[PDB]
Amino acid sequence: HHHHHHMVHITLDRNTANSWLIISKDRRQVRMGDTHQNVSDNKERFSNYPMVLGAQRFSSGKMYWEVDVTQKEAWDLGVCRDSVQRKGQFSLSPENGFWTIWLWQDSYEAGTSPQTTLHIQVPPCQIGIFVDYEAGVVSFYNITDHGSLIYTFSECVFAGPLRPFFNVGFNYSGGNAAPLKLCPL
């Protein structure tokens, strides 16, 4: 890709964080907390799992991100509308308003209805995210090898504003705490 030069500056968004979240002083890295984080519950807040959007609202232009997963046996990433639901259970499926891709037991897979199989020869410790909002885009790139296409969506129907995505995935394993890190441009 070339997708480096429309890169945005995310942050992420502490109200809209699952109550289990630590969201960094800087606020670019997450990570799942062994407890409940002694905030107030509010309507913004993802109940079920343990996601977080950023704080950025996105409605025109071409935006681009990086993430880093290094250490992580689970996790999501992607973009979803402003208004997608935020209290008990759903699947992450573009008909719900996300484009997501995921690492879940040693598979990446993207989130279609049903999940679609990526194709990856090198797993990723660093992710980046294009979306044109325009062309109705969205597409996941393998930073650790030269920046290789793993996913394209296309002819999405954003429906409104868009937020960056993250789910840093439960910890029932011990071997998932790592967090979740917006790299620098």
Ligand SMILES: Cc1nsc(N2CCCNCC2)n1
Second form
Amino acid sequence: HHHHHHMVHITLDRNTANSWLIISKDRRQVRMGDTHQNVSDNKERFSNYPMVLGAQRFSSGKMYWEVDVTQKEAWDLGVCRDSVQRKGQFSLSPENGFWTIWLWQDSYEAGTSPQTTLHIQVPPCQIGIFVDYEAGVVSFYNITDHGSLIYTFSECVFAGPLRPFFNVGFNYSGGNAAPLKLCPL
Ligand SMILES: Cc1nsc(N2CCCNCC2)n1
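Structure of the form deposited with the named molecule bound, please, following the form deposited without the named molecule?
Let us now look at the entire complex, which starts with that chain.
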């Protein structure tokens, strides 16, 4: 992939975060806190899961960014509609407005309905996310393995503005405290 030259500077939107998340001062890192983080509730916040959106909204063009997932046991990454459900239980699927991959219990899977098994030989420490709005494409790249393709969602029906999507995952095990970090360009 030669997608690096569509690189965009992504920052996290505090106001969308689950109330247990801690976003860094530079808005480039997020991690699970050990308690509720002393913020008011609002209609933007993901209530049931440790999720947060990027501040940027995309309705055209080609966009690329990279996320560091080093030492995490569980996470979800990708893009979603600006109008996704925030409150209650829901599944990550294109029908619900999400184009995502994840790590869960040592398996990587794409957020199709039902979910698709991914085949990754080299556990990634960084993930590249490529969106082509006009083509209807969301692609995922293994930066640790020379940029090798992980998954492509094609014929996507975005049906509105897109936002970068993140889930740091729960930390019941004590092995998933590490942050998601947006990597420098
Ligand atoms: C609805 C919700 N968002 S975070 C959260 N935690 C309590 C459950 C134990 N793990 C810590 C995070 N619950």
